[PDB]
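The chain below stands alone, shown as structure tokens; this is the form solved without this ligand.
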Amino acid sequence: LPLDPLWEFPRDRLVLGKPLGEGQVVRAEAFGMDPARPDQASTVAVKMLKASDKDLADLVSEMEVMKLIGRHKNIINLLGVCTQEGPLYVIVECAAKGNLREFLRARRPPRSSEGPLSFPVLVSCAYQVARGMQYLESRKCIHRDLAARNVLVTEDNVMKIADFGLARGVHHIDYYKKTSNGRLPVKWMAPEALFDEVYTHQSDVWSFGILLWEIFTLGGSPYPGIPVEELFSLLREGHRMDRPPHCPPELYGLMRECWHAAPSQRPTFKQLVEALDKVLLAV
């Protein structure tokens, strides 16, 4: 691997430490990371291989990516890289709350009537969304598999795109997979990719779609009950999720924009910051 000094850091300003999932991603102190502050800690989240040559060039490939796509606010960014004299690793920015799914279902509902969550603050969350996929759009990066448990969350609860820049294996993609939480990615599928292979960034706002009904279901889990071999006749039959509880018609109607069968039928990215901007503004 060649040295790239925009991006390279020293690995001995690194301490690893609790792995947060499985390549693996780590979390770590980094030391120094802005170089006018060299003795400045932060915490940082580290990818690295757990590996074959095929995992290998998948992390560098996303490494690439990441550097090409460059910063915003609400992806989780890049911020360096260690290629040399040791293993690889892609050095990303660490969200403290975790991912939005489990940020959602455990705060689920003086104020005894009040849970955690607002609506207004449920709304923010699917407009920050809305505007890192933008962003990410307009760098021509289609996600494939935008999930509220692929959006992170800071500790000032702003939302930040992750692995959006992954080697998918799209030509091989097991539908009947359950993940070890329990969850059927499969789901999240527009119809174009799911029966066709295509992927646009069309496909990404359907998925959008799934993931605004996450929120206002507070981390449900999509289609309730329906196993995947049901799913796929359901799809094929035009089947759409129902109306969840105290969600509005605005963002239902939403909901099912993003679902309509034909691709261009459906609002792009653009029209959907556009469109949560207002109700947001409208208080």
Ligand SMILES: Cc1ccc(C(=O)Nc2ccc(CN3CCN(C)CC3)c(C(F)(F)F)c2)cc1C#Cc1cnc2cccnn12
The other form holds:
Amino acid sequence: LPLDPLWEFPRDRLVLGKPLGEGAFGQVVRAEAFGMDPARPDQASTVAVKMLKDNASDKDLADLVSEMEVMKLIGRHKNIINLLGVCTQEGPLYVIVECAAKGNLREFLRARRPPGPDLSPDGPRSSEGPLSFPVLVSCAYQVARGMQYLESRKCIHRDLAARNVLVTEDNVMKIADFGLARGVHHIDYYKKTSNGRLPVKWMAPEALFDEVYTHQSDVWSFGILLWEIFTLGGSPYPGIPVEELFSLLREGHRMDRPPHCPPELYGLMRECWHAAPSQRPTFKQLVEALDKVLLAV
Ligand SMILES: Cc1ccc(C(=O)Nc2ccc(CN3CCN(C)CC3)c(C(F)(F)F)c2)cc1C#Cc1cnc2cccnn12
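Could I have the structure of this protein in the form deposited with this ligand bound, to go alongside the form solved without this ligand above?
Full complex below, order starting with the chain above.
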């Protein structure tokens, strides 16, 4: 690999820490970095480091290099996980990115569900959970802003889901993945992850049936992500196995309106799931629509 002085970071300024997850596309580890800002060479910061698994092949390495190159090109935005540096010289390939201290959006919501009626009232805020409507709307708005930026850079995500949105210490939403060379020509549609996820449930129909991905396919997934947010991390198409999902999508089945969700937001969900990709909103329109809701509250 050639040395790119713009992005290269000395590997000896990293102290690797706890693994944050392994996947098909490598492994991600928490690390401490010293002097990420060259103006403060001894300053510590917490970053995340992507690297190859133990017995990885050439395709795996090419896949990670491909990811590195895409991230260089994408540039910086508040609502995406940003590239910080790379280690390409004299040792294993490292791709260094921002660390989002609160983990992924799905787990963030599920850990913050309101207290149930089993509660015994204790103090003046027994009924008040950590999550409020305007903050949920702000989460959706931020994801839409990041997706609008990604679309402007001609980037199609292809697995937009709450699992792939990360949450910073300041509750800022950051689109990640946790994928890139997604192998769209050999998806196991029946795949269930170790946490029980069925990723086929986020795919637009034209992607699933016709293997066509566009920015409007990501808009479909965003609708699913909106449903995730307003169910506080619920699993889509509850109780529906993959075999039945296929036939229900062919009949044009859509998820019901979830409890305690205003019609404005179920309205947006159903717009995102219009059969014709051209009749779904663009991310620009979703940003504007959610902004209006945010201002009203
Ligand atoms: C180490 C690391 C390396 C890489 C990436 C990464 O997200 N790369 C990325 C690859 C592709 C794309 C877009 N493509 C999609 C596919 N597609 C078909 C083409 C274009 C994007 C996108 F954001 F632009 F979408 C990002 C994230 C991390 C992390 C981390 C981290 C920080 N805090 C925590 C806390 C808990 C867990 N993890 N974690």
